[PDB]
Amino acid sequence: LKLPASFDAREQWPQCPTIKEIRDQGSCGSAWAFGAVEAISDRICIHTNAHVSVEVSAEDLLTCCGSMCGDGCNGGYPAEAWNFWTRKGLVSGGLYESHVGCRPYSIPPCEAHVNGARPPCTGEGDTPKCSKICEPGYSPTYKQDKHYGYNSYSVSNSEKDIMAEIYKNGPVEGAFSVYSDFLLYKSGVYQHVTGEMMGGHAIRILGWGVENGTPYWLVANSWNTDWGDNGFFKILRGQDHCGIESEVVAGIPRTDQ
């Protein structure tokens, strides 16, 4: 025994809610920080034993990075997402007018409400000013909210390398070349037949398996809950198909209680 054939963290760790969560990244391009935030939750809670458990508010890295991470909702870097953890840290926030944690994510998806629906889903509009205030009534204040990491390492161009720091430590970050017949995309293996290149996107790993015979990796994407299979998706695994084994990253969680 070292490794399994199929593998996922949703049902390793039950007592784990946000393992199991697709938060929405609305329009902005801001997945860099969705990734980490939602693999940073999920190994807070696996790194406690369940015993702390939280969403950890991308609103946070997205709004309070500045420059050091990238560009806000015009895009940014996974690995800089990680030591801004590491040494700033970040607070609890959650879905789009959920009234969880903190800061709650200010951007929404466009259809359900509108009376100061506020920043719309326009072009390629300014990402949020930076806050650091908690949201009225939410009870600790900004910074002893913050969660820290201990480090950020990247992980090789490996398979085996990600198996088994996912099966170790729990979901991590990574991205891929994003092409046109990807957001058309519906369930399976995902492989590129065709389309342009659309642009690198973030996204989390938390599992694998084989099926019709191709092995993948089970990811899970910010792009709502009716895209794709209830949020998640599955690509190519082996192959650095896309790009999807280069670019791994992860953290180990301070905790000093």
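Basically, rigid core = biggest C-alpha set you can superpose within 1.5 Å across the two forms. Residue numbers count along the first chain shown, from 1. First, how it differs from the form deposited in another entry.
Measuring CA movement between these two forms with the rigid core aligned, the set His99, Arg118, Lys168, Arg87 has one residue at 2 Å or more: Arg118.
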Second form
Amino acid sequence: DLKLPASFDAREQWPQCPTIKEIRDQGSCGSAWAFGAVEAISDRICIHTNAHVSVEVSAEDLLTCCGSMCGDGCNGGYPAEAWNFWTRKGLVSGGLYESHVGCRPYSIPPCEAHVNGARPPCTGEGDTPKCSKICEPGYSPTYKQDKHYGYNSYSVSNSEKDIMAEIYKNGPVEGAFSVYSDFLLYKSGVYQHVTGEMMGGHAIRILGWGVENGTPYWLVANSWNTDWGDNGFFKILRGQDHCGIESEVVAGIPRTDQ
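Alongside the form deposited in one PDB entry that was just displayed, please also present the structure of the form deposited in another entry.
Since only the chain itself is given, any partners or molecules it might have are not part of what comes next.
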């Protein structure tokens, strides 16, 4: 009556929720804190409604409209506070750069290898865009009508079994972990930190678990586009709070829109 499976992949449990499979790119903005949130929120809305509502929730809205509570926009921010904002002010829809999907698609260009310049470039120094409470032209519902709200937000304890339970019952979560330089060149298998300097904390989306070659892992989506790592995802050692991956997990339940 509480028997967790040895592996679980949210993409398989909820196969009619395409956002679960979807990898975003934060570009050259320190907005992973926002991406981890809106990604897991998108997933949970679809899960909550048995795929009747499947929406890409706007990173742009959160990045630009949260203000003090959430930190400093493109210069970094706070996951727990992102989910609190969703409960209070809600978030509109918005897809990928130049997608024309949703109310407020992300306005910052992706940074995967690109050639012959049919796109604005990635730069170290970028402003946080302004909080514009208007939907993109062509998108029909007004800004206010397009808002999706949280019922609650909460921390998940630093406990492997509690995080697995949480994902199994309620859907993907946001977490954070310490990035070391060996992480940048991750391509496959289970990531374990073995060399390289500390590079700071990073927010991500945890969407499942398993065991590979006898090594327990968490299945995690990154926000550095699909060209990074294992098609944008990675696996990281599970059960030892590795790099703090189990220590700062947050989530929340959506309010029913359907």
